[PDB]
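See below for the structure under consideration.
The complex appears here minus one protein chain, its other protein chains still in place.
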Amino acid sequence: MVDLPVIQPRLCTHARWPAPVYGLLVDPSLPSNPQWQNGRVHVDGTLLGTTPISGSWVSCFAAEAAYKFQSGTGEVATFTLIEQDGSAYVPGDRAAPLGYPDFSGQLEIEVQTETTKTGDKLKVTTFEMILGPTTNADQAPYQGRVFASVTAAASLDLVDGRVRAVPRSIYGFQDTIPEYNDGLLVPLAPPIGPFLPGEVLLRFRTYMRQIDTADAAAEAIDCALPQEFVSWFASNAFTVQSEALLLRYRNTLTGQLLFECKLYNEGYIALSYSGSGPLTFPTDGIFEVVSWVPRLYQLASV
Amino acid sequence: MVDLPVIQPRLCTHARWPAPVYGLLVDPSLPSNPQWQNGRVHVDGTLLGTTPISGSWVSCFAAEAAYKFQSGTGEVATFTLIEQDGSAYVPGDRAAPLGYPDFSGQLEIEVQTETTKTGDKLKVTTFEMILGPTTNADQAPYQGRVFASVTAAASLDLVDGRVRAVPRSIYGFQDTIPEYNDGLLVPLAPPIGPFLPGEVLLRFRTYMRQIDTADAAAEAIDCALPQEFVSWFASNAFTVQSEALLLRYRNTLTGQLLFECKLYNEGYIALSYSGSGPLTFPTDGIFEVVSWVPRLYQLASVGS
Amino acid sequence: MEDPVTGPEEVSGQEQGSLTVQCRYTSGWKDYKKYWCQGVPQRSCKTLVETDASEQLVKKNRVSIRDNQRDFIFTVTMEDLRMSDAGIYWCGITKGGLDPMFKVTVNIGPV
Partner (left out) sequence: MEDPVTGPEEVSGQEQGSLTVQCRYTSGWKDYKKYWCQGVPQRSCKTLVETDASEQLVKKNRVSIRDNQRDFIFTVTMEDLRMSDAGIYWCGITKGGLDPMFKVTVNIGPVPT
């Protein structure tokens, strides 16, 4: 029978940005059927979209980096993507290498670099990389090819080599898929859904380090499941016996039931909620499996 | 019966530096009984040292940050530590808040900052923070207080607030515990061990982004278990039924047994290894539990 | 000139009037599409008008562009200026990967 890790959401890892889960909420005002590509797993353990097993791969990429100074742009990186375990990336039935960012904006990335300049050798360099939604950089992670740059008055004298780019900050965040293939379609995990009438997506929320020259408001990003649930399902390879699982989210020290919900086999959780605005929930509960239920099982409202 | 997650080491997360696991090896030339404080878990699920559940907490810290410009130093951050879920840090029977770095050197950290300066507001700022082994900074994460700075000619005009510091690079890495309490001893997970004669620690290895002005060699850091094994034991809370666990590391496509090893209850894997130099292993195998065994169980040895 | 393209750092126009921007480039970029782009982030900026890599003048709504491929200068015009036209713009040259771009700040004076 399916079970779930005994871990409070606040101790869990976000599945779309490398940070803790900080929030648990429903919000019917947000897009109902997001097409997130990370944090997507089937209850039978099948990874969907670009979802990786390891949280450390989330919103990162690995590449053979080649650098060239371009007067008036700076040092330009051409990244030939590989999978983050070092194996070759081959275009296939997903949008990009595992873990590749599945949102838009301009990302600051950090990579190890090596210079031939006298007096130093190894340092970490921050590059800027446009993700999407549309760009003039002709990004094609689906083809294993993306471009980044760093302002420089003159050449940094970098040595080409293998990198793993990790995210420093997002600028102009938009929760819409990035440019995966220079404007062309790619294979995608479908939109999250469907929901019964009155059901809404349960969101696990974290916040993204941000550049914003005017607004101090935090940048929220949601995912359908914590990363620990992804690796749990991928490891256990459960057999599914119906279309959804009835869960209870409970304080284990109080016994207080906070809500019941349905985990659809396709890897997203629904609550029955008719409110118009956000409803947040404590993050120190535990999800417990109750039973298999069919798609049409009707939940108690929150 | 106790079991392990069906995940290859190369798909796992490192437990002492936030990065993939890249290597799986033994090396008898290295310190045999390291006193790592992260990646430490009992088979019964008890987290040891400063080990957190989430890999995102590893080598990071959360704090209420207070900033003050100091001519000749730059912008100084006084970090009043909290736990990374936002809960209050309470000094107890571990060295520091969960996830706090357990190595030494000079760390570049990244935090969200907010400025009052005209024309911007939010950005990410890199601070330098001395970790250890000994420092003149009087770092005291055990007391919930550590200091960092960024060179600045004039104030950055930063607004005090909550941060989560994530690691950018290490400079002068040393795999020895940091200054946890201004040079005083703190509660620590014990040195990893003991090992039977002929047994050495099985190491999960990753590589740390580095500053080094002269040497291009990669900076290795080892841990006793991938982070997925930590959260697995903490989640399952298995019952201990003898002294140790016999494991097999196997290629699951070919069936090839690569070696057998012992997972001691206290959270580290021993391999019986008779060579003198390092020996690496393929990282696309799977660890499987065979049996409970006594501590004195003699493993089949792996040679040169 | 080492940069592929350069322009005026700042340009000013009056509400209801026009302004002109000369995006000067180097000869190798002759047979490339030229464009005028609006906003940030830089490389997701909104193209307002673009050439087809010939010297044909193009106008789209209030923005015109023409590439002089003898002197290697493409000239942008913005007319009937509105206060909301103020902001960050870019001279751009279309190529594979990262386009050469030059940041032009536009200021609008009222009445």
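Letters A, B and C name the chains as they come in the text, with residue numbers starting at 1 for each one.
FYI, a residue touches a chain if its C-beta (ideal position, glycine included) is under 8 Å from a C-beta of that chain, and two chains touch if they have at least 3 such contacts.
In the whole complex the chain that is left out makes contact with B. Screening B:29, B:118 or B:136 against the full complex identifies B:136 as the residue touching the chain left out. For the chain left out of this panel, the touching residue among B:76, B:152 or B:218 is B:76.
For chain B, the residues touching the chain absent from view are 70-73, 76, 78, 104-106, 130, 132-138, 147, 149, 171-172.
The rule is short, and it goes like this: only the chains that are shown with their structure count from here on.
Simply put, of A-C and A-B, more C-beta pairs touch at A-B.
If you average the CA atoms of chain A and of chain C, the two centres end up 36 Å from each other.
Rounded to a whole number, the gap between the C-alpha centres of chain A and chain B is 23 angstrom. Chain contacts: chain B has no residue touching two or more partner chains.
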